[PDB]
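Below, in structure tokens: the form deposited without the partner chain, a single chain.
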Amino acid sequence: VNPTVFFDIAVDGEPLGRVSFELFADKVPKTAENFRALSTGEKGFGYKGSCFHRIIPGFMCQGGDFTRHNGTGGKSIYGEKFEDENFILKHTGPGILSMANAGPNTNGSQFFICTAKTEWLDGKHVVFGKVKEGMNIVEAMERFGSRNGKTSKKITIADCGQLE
């Protein structure tokens, strides 16, 4: 019943591979639906063509700023921001998909894929999904990151949509 979304990742335009996520719509329906709709583009805007602007190896990959491509933009399907839905799910290890924000109830479209357990984010960032296939592609993305988050090559979502 939970939707599955995929990204096809390209590096400087060259295909890298596919990542698919399980979204936990049973527990965070409003948050999951935002990510799902941005992945299909069915509302007229979304992630297709956007980049991962921050990648910290051993920490996380952050993306989803499809308006300014640098961590200062993005928007949700509900408006410029929306509330923290709940904090049922925790940051338990690599592959967790969680919402970036700028304080309480400031979710937009930016998200991060954790590549390590990040328990200090529990109760501060809404967890809403998990990598289902292609964790190895996420690990390959990590090798283009750096300590300060700048990427050595442009990492883009070349295509994205819903599988189930």
Second form
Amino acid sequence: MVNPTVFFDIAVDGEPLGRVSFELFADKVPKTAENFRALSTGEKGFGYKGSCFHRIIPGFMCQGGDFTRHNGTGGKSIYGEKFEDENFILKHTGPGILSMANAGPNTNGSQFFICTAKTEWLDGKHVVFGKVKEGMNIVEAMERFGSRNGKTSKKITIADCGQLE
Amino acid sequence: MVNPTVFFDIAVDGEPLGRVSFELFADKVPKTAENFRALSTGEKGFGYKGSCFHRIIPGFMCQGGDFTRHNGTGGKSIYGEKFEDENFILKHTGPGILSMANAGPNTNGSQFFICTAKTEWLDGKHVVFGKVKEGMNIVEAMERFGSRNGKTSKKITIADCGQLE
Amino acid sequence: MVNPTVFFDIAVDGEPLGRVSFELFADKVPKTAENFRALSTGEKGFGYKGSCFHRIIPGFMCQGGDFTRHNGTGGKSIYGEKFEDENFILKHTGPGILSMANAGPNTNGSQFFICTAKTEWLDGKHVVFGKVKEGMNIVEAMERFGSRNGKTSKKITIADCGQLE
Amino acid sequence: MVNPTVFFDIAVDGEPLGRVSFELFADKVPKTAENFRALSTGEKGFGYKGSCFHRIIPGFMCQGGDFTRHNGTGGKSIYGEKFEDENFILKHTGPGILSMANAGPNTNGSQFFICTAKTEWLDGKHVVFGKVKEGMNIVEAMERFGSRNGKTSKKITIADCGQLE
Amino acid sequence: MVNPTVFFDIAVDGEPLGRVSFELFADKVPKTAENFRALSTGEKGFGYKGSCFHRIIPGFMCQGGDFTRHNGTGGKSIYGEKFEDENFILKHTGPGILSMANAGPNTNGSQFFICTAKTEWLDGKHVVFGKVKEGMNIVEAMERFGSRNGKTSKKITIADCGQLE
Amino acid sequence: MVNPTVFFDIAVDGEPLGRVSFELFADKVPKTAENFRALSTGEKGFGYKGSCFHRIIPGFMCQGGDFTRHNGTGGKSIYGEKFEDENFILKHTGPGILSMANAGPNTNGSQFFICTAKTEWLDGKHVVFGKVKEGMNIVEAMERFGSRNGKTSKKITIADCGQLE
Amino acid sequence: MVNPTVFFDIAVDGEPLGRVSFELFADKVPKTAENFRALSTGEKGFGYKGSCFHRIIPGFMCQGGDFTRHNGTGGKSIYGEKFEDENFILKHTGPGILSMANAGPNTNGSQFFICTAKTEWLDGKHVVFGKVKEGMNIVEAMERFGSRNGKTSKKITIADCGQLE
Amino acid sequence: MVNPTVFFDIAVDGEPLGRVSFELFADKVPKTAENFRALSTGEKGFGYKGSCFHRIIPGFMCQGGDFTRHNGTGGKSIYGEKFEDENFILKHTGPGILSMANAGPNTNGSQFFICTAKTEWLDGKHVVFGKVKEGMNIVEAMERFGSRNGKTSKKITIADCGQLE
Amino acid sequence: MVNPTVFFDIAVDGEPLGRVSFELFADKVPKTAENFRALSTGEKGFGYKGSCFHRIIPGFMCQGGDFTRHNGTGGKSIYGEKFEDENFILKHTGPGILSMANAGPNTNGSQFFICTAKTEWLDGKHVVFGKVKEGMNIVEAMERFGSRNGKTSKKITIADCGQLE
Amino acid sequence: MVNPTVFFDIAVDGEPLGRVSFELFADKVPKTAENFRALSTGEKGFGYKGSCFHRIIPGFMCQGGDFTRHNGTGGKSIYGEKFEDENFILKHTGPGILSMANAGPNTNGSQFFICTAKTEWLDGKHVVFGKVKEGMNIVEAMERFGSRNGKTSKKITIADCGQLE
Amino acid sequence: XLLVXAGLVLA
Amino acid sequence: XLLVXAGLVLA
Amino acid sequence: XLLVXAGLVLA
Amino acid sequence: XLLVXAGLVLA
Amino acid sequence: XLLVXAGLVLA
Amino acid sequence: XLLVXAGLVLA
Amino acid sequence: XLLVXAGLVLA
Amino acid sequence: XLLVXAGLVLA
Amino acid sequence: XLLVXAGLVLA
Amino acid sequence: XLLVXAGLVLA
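Following the display of the form deposited without the partner chain, present the structure of the form solved in complex with the partner chain.
Shown next: the complete complex, the earlier chain at its head.
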């Protein structure tokens, strides 16, 4: 097919911060890309609009996607409770990589993380499925509200989200 | 703990045939039993009421549970597209055994079969999760509408279903 | 030996769309290439002449080869009900790749798919055995009648087929 | 299901010897039992009528079933050129056991052997699927035409064969 | 060696419910039993005193031990973040069995559960290390505050704990 | 030490067709190459002088070396009934490659095949041990006596054989 | 078939000590029994007659069978250089157990040992294939020519050997 | 062979405590019993005489055998710096069981421990090779000098040692 | 994240010898680098300040890190008594490499060694996590106090240590 | 450290043939290289001086190192009876390579071979640890006293040996 | 044969 | 998702 | 289902 | 340490 | 198919 | 030996 | 815990 | 030890 | 030999 | 063949 682009419009506490757009690698991991794509559009009746980034550790990554419990213990995929690790073709090559958070092998739900640095210790255990197309500087701004233990200082929120191409 | 009992009120071409009740072994396979019980109550918004047994081979088993495609190619679990083979504690020990149909390892969904014979060649590949409690005479009656290749002679349908205990 | 070429004359509903010729990689996968060749001539007494492409998904592939059930649940090989994956030397490198559909490892029958895109997520799970030699534009024309779910809008049929070289 | 019984009428050089009937353990190995039943009735267009026992070793077994090359290099199943080793539930417990000959794991075709002794060293390498029901005296008579290396002195032929129940 | 007995005085919303004593099977699982014993006395500086049962599913189990995050995501052992599964000698034979909660293989920390039924589906995945000696009636009183999803209606707290034997 | 070179004088029925000489790669597969070299000199009392090429498939290969049953069911090595697959270093790279025939892993005896084409699907399953040094034109002449099933039209014989270097 | 009985007439330099007979378990390990049997009659051209028990350790075992190098570095089977470990159905249960000596897995040739004690530490590594039928007292006599290092004091020899039954 | 018995004369700060005799199960683990026997006779020029029990934990075990570093980091076997785990046939069934201490698999040297309790969590990891024959009360006395961390309060030494039978 | 730099101020007996700075590879092994960093600052209550190098073998390495037993048998990590081998991405490439000492797989604690030679035989078994940044001349000076058996001739101590970068 | 150089002064029956020096690759295989060095200097009280090359096969290798039985059945290491294969980094790349002889995996003792050709079929089964530095012509002189079966005609002896560097 | 699958039913 | 199976087609 | 985990509780 | 899990976050 | 075996030659 | 194979019969 | 090793003794 | 091998006999 | 272990150091 | 073993030398 052609690789989908999704966008997140990020708000910090109340105010608009900006838009980050992502290319999703459906040519490498189509089932993982479609899961994220459909949760961004909200087409199945649930998804990411309104959810917050619950763990941001500067120089490492920002973690979001738990739209149910909002603390890292929830999320559901469009395929169900959890789904298999699709493949490990792609690597955590540098800042702006989008990858799945999981609770061990084959427990992919909806939580993901945006890398703010190259994280190659994570290769082989987390499925890489996308990359920041536009708005890296908005992710760099998001970084600043985190801490070494993941605590955010302001409620970083996906105010709106959806597909572009 | 208490093991749940669900019932099916069978109809042949609209004419009511009779009630079959099943004990589900939640004590051995709780996740596989829960999937069945909930698809029988219809409490998740989809389930077995109205569907039919699409393949019946006399002296072997009656296969049902495909409520989406009605021909063996569909159905879904209450946990998603598919779920893991829970365990293989129980064996296909005789007539009345309720076991899961599948499309290979860890692809359980909604389709099941009621054994009219001991089927030990299936041990270790299909998860046993219940047994006919009352109404084995109704299942034996259903058998007479099969054929060597599984085609039914009448539309064998689950007119109603729900939980008893 | 020399690699065989076979052709398919496609018809949309009834009118003759055009011919797609294929090169079969008998130098890499001889048993799988021979299966397809013999089913194209119809020499063993059954084959693809008259079957339809039953699932077409634009930007991914056209699936066909089920001359038995015509819906994806049948077909058979000239070697028996199924045969093994011969090897996975070749890769789904891009449009026009011809590859075997299957229902798991070593369940190859007669169904196949013509890729209209590079599908590398399928590498190592589906045996690649040939490539469109002429008539890619006809495969492009077929794509239009498909859907995201695969359902065709006109009956796409292999009106005639056989070997050329 | 009830287990089938097939028979073979054996003829030494033309002269009738007698009939052996066999019970096929369809309740343990249904696919292997069905292959033998069907080749005995001859309902698929080929089977055992007229084939000979090409290798008899006294106090070991009589091996036959090669209806294509008649020397041990051929034979075929109703499923195709070969089929899987279904399971190894039954063991080579005594004289009268009917088991599959093969060319290594999962190469079952039509060749079989009747044990004239307990052959337990073969356990787990050859699928046992039946036992002589009546006529062990005819097998005992057959033995006498073999030698230490297997060549028979007279042509031992399955003059007729089919199903009884 | 002699197997230690520890105790827990339970309180519901402040108001004291009663004491439960547990025997720890040090003769079977000494490292796992020492971790529970030492976290009950508080001798290493941290422990269970003042923590709560965060998940109680009636007829199944009472889960506790998260003294760091109090909600199921924390806890720690006296050996470090996580420790190895010692062995799986014991089984979940009935009510009153005490076993380690975990987040996959070799992730034992401090969370545990007391079974209020036999849970043999958990055998081989959770290390069993103790059983209720006296006070089972208090565990049964605790059940009465949970629900199918595990939520408790009141605050179930381990007021005090220590060693008796 | 140096790589030996053996010759075969081919005779169609009885007419001298010509000589084929081969280099044996004793520097990659010394045990497989000594087997073939010794069977070509007849120094261990038995060997290829007088045997025939029993299976010739044009555009694929010429198979021979069964000096005991002359049809593909026999032959033996200088080390015994069968011997181990030495290694799979060399590949079936083109016409002239001399490789071992077998009956699955570690059943090498004396049967071999001379490739008249690149056969890379056989890589890793058959041990390559030599290549035609001279007489490739004679091998192409032999091909013409074969057929698609391998049966010849004239008896192709190794009238003489021996070592050169 | 029936289990062979073979004999050895042992000579201590000059005078005959006596005859030991052995039952060979051809009902369990036919390929390993035929090897000892054929080497005891000498029918294949070489065998045991004239060889010595080169290593005897009192209270453990008498080892012989190296007819080519006489010291423990030789011997050969009727199948060749070496042959597979047939199975390990039988155990080293006591005095007068006859078992294969080897140089690790699948290196059986001709060397064997007669146990003068229950050697269960060797189960699973050495193929047991026979037992002293009559003549244990001659083996107990042989014993007293050994030493803890295996050195014999006098030249123990198999003067004659062959098959009784 | 016959199972050896070795004795140790224990002394507490030079003052004699008593003798403990050990039966070594050379019928189960011959290479491990021989190493302990030769180290108790000191026949290879090094051995247990004069070494101490460096770690005693009451109601668990007494550990000794480090005759080179006297602190648990040395020792050597008569076969070399370390030797393989012979087998795990015997289990830690009760007090007086003699087992090998090690630094992970196949690192046996000369350290051992005498259990004063059944230690079944150790089964499968430490080779059991002997049992206290007489002197269990002396082992019990030794316990009085240890502590939970293994520290002894007086120097517990092997005053003399050797083979009794 | 940015790779931290730590320093050790080495003292020989009492005399200050110099400062060694280390870059820690937190971009490759973050859990291992963090352990060494936190132990060099002392921020968890224990750490390297005041510990000595107990084993220096000239032309190989200097080993230290045992701050609990000071002889090679202790040390502990900030994650507990042991932690997993994080990964083996980095190799023992030359002088100055910092790698973890262990007692076999997954037993990392606090002990480490500084290579004064390329030690590639250790690759795959010890986790490399740092490199001497400045002060190699000081490590070389420390070398001069060791011996072929590791025994130092001075108390080579870490007088101070901490993080710079 | 710096790789050691050792020499062997070779004698044919009595006459001095010459010196062969070897570089030992202690930077790759230090435990294997130390064993050979120590046995060359004789420092542990046993070693190579006076031993002979018991097997020389011209154009393949010279085998020596059996100082205890002198025929290939003995020798021992400075580490014990045998020691593990350290690693297989180096390959048998050409003449002058010095490698370990063994009797299967992890049976290294003292026997070794100097190849006079490239022997890549042995890669991965024998550990390479050195190379002829000076004296290759003396090895070529030794060759001439071998034969295809490996028996020598003269007593090739290591008259002297020791470390140079 | 006698199997219970969902989709490609075999003999 | 985007797979090509014969019988139980999944997402 | 009826499981006892620490963190991602599944059905 | 620096990991990204769902439920039991470790160091 | 195109294989080289000794005994049971398959397609 | 005593085996039952189809094509390459061994001892 | 209660183990018997030679060198690194763990709990 | 007490083993029965052909060639390298160990203790 | 040249190894870096924690507790039982071997050659 | 051309092997270098210690005790049972095969071809």
